[PDB]
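Note that one protein chain is taken out, while the other chains of the complex remain in position.
Each chain gets a letter, A, B and C, in the order it is written, and its residues are counted from 1.
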Amino acid sequence: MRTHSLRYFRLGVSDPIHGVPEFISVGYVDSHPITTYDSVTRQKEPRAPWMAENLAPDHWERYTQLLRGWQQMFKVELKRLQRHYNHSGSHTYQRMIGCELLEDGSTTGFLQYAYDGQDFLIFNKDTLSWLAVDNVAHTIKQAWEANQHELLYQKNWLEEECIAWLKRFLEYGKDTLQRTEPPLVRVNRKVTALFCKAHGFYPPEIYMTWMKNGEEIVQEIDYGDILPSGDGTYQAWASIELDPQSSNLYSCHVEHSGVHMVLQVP
Amino acid sequence: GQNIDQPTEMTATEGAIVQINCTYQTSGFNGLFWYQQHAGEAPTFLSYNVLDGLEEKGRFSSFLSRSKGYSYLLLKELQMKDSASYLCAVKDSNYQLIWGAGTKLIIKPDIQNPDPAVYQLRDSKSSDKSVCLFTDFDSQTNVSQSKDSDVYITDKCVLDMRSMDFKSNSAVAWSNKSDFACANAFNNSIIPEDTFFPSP
Amino acid sequence: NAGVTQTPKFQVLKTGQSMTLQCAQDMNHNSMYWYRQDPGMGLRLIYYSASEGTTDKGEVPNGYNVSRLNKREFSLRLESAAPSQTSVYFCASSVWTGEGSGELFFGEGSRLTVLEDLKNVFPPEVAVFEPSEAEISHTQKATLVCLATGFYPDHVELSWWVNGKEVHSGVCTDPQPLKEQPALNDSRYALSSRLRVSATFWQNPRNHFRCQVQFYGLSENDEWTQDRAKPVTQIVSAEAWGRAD
Partner (left out) sequence: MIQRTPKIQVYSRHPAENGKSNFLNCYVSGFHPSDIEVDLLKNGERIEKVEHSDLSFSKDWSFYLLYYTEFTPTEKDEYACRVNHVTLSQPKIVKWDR
């Protein structure tokens, strides 16, 4: 199949405004949220129907208990960081863990943390070590690496457990995750630029580009973002500016899910 | 569904090497623990393995093969104090511990100078029991339970006289029957040929 | 400090009686567990508490309830004791749960026996037997034997005291008690222990030996209706003096 990824996020806020949760945890398969938990509901809930239909209530009961424990642990870790940064006010602590099963069968795994939305600690499961960005992170790094068993544990989880969960979730939601809706592609003009617009496609992974007389023009092209249309499909665009003094053969190229497409502007 | 298996009991000799096996079938794997539990006491943590290979820690080493679903706890240079139950436990995909029933490790002491004998202890004025002591035999000797309902025979027990650096096996038999005699108390056991029976 | 502290160490219960097992940990741990250990099977989780302020059922929650009173304490409640709840109960704690490689720290354990009727609870009869003169002359050592017999349930602690101080060197006590009638299901128990000393130590006439058995039985609130004495928690002992003879 195509490349797929599973990743879990945590967010902790030290002094949140009234109502806003102190802790939020969301999991994703590719772009799809699958799980959610926060300090307000204190329940772990599915965020995809195919997760709700395939995981029995004892699963959500168990992970509700785990997330309540991890919520308290995250609060303690954020308290430690902010005191050691000597920081006042509200600050954020984030975590991301997960893995990719690539098309060719190889795998990747990652685990990292952020403070105030910037890299803080990054795990290297091949050297079994943490990369620290400053001296507050360095202190944490020393503590986490003194426990060699915890490093081995995370390496095993990234390389074995994460990949096995992902394969399981891929089967559950295969009607969603493994489908293909090809893009509808058009070109129009909007001093003057050609816009190549695609929409109605899934998966969101798409490559659009312009070529001039057969050569690519990377430095001259404006790339739009891949945006959700709201119905489970996506849209994207790419524009290029027209030479008013000399004609050229411009063509839009779109690659999506193994099919290549060319729109030559006449 | 989820299953862990280890032998019920193992017997080895003092100073030898023993390898305690643990196989597991689980949905997911987040590590394997070994715990030691002395009789009547709490389990205490021994080792943890989550990747493949062999970890050393004093006289104990623990091995793990994730593909075979197999671990062993290796005890070298066995001492009497290693007599305990050894519990293996596996953390599954939801971080829940599945526990083995445990392996009871029995250690036979190395008796330097066997002197097997059956002694009659002195009567107590406060008891109608006659008491016999089978003692100082080599560790290969087994003590059978009594086959007479009014005769009671305990299993063998290893005592250590620390000051004299001396170990000995012993078993006790008693009864209040009139025809009870230490010459015949351990008749249902296979006892050494040279067992000393002092005169009545 | 102390680690994991659970109480009581032993308890006899009548069917239908209530009981609370206490457990405290002073290691600043977040996760606490209640296990039961039964012969021939692995530890089974009853209830657990991943962190302060949350609890959930384990593998065998029926007949039990728990309360995570605070970060330190996690109590186990038997509201209506049943014979199947006769077991050894262990409380444990860990720093976190789901933090991968963290191990469990166990308490000393609580031995529970639930009986339909208390009329088969008996304290031990305890007697000491002095060394054989044949042993002394043949080995230059002297083995005393202590016999605690006829007790039920198996809630006993045996110790030797030489000249007023408890001793451990030269002592072997049966690791498991003997069923006096192995067929009967509620058979009374027997337990033996030896203390071996040098002949010279035994032949000192001012050396005093005592075997003592702490029995955990009934308490003030347990109703007693039998003709014999109420089998309360008590210490039963027997003594012997050295023989210069």
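Heads up, the rule we're going with is that contacts are C-beta pairs under 8 Å (C-beta built on N, C-alpha and C of every residue); 3 or more make two chains touch, one makes a residue touch a chain.
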Residue touching the undisplayed chain, where the options are A:57, A:230, A:244 or A:266: A:230
Interface residues of chain A toward the undisplayed chain are 7, 9, 11, 13, 17, 20, 24, 26, 28, 33, 36, 47, 90-92, 94, 96, 114, 116-119, 186, 197, 199, 225, 227-231, 235
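Throughout what follows, only the chains that are shown with their structure count from here on.
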Select, from A-C and B-C, the pair of chains that is joined by more C-beta pairs in contact. B-C
Where the CA atoms of chain A average out and where those of chain C average out, how many Å apart are those spots? 56
Chain C touches at least 2 other chains through residues 97-98, 100-101
For chain B, jot down the residues that touch at least 2 other chains. 30-31, 48, 50, 95-96
In their shared complex, chain B is touched by residues of chain A numbered 59, 62-63, 66, 149, 152-153, 155-157, 160-161, 164-165
Touching chain A in the complex, chain B uses residues 28-31, 48, 50-51, 66, 93-96
Chain C residues touching chain B in their complex are 4, 40-45, 90, 97-98, 100-101, 103-109, 125, 127-132, 134-135, 138-139, 141, 143-145, 147, 149, 169-176, 178, 180-182, 190, 192, 194, 196, 198, 238
